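Kindly produce the complete structure, drawing on both the sequences and the hints.
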Amino acid sequence: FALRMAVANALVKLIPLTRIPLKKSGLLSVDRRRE
Amino acid sequence: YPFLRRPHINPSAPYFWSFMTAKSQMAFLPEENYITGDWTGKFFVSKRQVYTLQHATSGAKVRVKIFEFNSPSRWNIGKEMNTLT
Amino acid sequence: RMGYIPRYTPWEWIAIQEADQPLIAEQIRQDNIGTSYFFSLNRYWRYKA
Amino acid sequence: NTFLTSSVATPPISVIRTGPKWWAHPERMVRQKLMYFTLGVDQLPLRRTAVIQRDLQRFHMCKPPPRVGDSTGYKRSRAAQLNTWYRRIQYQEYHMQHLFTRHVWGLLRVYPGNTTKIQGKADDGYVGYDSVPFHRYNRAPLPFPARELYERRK
Amino acid sequence: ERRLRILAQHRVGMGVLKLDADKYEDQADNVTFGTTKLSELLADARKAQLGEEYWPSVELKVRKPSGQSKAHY
Amino acid sequence: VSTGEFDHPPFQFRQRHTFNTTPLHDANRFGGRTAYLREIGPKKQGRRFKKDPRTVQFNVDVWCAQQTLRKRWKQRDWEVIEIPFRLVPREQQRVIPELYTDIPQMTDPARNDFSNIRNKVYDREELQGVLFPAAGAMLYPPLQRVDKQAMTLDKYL
Amino acid sequence: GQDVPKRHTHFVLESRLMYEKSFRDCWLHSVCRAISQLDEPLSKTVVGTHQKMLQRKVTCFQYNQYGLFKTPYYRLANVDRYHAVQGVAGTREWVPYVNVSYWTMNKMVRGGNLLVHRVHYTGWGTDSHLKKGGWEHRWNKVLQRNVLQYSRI
Amino acid sequence: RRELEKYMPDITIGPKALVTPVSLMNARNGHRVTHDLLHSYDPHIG
RNA sequence: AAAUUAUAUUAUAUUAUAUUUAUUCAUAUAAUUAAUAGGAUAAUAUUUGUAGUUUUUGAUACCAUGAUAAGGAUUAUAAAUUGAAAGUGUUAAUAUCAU
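Residue numbers (the deposited numbering), protein chains in the order written: chain CI, 389 to 423; chain CS, 50 to 58, 65 to 120, 125 to 144; chain DB, 1035 to 1083; chain DY, 10 to 163; chain Ck, 730 to 802; chain DV, 24 to 65, 69 to 183; chain CN, 14 to 166; chain DF, 85 to 130.
These are computed hints drawn from the structure, not numbers from a lab.
A few of these clues could be false.
As the list claims (entries may be wrong) - DSS-like mimics (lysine-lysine), calculated; alpha carbons at most 25 angstroms apart, straight line:
1) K146(DV) with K799(Ck)
2) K126(DY) with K42(DY)
3) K69(DV) with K102(CS)
Below is the structure:
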């Protein structure tokens, strides 16, 4: 999940319009769950 | 509580000389098996004195903090006073 | 002003705090001979290394 | 098999309630498919189990909406009809895994755990080197060494 | 330089020979001991200028005999 | 990256041989090396160390270090021979620093050889003039190297 | 009042004297133990009968010292100075930095004498090594700062 | 002690073994006497 | 008879029935008092068992504490954001050892 978020943020930084589907899929979204 | 740090600290045939005894036989007897200096006489000896040949040979008095060893034998020779009681 | 506290101690107060305390003579650490290879670690017992 | 200890039986509803942890763990479900694919056997109840739990894990974090009230019990019973339908397919794969594994273990000369039955070799529960010196439920003394279910020459 | 690097294994790092003298309580005796140890290390390392028998040996990772050589076994 | 087990399972209720659950001392774990530390029953100096977490963690760290050592030594197809500075090849005529002293040194950046000198392994058959001057009979045969420019089956001829 | 009863002051002062006797006796006892319990030869000069005679003589010297402090440090390292409550080192009944019990630490927190920062009771505070690896990693980091950063000479 | 000396041998060097030399003062944190009580070398306490 | 408040997960237990041990308990014990004192590179005090004796460890009480359980209202008219979550009020029983 962390790897997916890193790759998605890198794709958003490279091409800006990639943020339009990638935010809709929830890949740029951070959950706060600890142990 | 930490591991084996309690301030207040058994028959076994294959582990006779290795259970609650010194690890090596090269080492000497402890301090209570010898006289340090000028003494007026001790009421009791410590539990870590090794029973030697002269304990069962002479047999003047054996007082362990009580405990009275009045039955001398040679199966106790080479072992401290912990497992003898 | 009514409540002015300076954030820099003035030069007079630094000079007064410097003028009241002495210096340590071994802070100069000057050296021109070399190291005593034989004696300096074998000196007198009260002042020994 | 190197697990020869005495075991504790579990009901099948507690196995499937683990879900993605042990029952539908994806590494475990893949190597169950390699057992069926080796024998020339279609993996249809296993593919039925995977497609159900793939979609079941997808919405498992969503909260169910509050039902304000229905006159008849039809949408509640339909949601319960599909719920007990999904348990019975997963009950079939739970039996299909235990059926084929005990059948393969009879072919590979694999000795099972204690009180475990292999249909070809040991109709009773095979017990070998238990802490209890006798058979736990046949009430028979165990010989030394353990019972050999197969022949010798590998 | 090779003999000094081998004689001072971990005390040399990134082209700089460093010695941390902690032996005596005072720093003057510590810098005396450090100067003595530096001079002793330099005098031992200078032996490579005497001859080739003091040049330190290069450690080559020589392979085992290959399969072409093991085929003749 | 390795996917083997390193940590010890923690202390809890006495586990049973069920699904997703192994007992705390099983012969399957750590190659059976927990047989030294197990109690078969369902003297205090021989009973207290089997239940300490730091003791069992130190023991499994020792066993994983033994496994790492035997796998690093089974990788070795070579041995270290102390060769003098004159007879060594040109890549080793430099000042080689010690381990963990400097940056990991490339072999030859000028000759387009970017590789660690400490991982370089030289063939035995190319050093027979250095390692064996007293034999004089060529104890190892010369290594047959293939002609890369020869028209073979690899190049559709 | 007033500060603490005088029997507890006598007890803390006896603990300080035991620490001072440890500083007095530890080097001598360690050298005597390391000579007397060695089986390898001490040197090229002293070998054979001279080494065994020297080991017996240093054992006779070691046993003749009435009052030599051979007691380990962790047996009486839980003595509190302000109050008479006895804690256990290794548990939550003792704090190591200010060297008081849990009760005395709570009284000095509620009194305002110390400058301590409260943090959440299920976290690891603020130390990055403590959040990273726990108590053992900060233990190894204190070891790395104290000893292992120096190239010995 | 006279009956205690039979099974337990006597090793009595004397009080000379309790007083270390002056060259071993800084190794023993300034002390010379290995008594059960500490021994200060000043006359004001003494 | 609905809404779901529901935690849920797995394991253990006993004089089978007798034996060794970590703590607990019994009966034997050791330990006791008080106070200061500056020393190399300093323009000159030789000094420290000296000034202390009938030295300090001596007020556990009947105050009016505080914990427990229970019910209230306000905000979502946005598809954006890593993230649409936060503050404010009343009754019963129990209980109260500091001149």
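These are the hints, each one checked on the structure:
{"no.": "1", "hint": "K146(DV) with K799(Ck)", "result": "holds (22 angstroms)"}
{"no.": "2", "hint": "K126(DY) with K42(DY)", "result": "holds (23 angstroms)"}
{"no.": "3", "hint": "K69(DV) with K102(CS)", "result": "holds (18 angstroms)"}
Violated hints for the displayed structure: none, as all numbered hints are satisfied.
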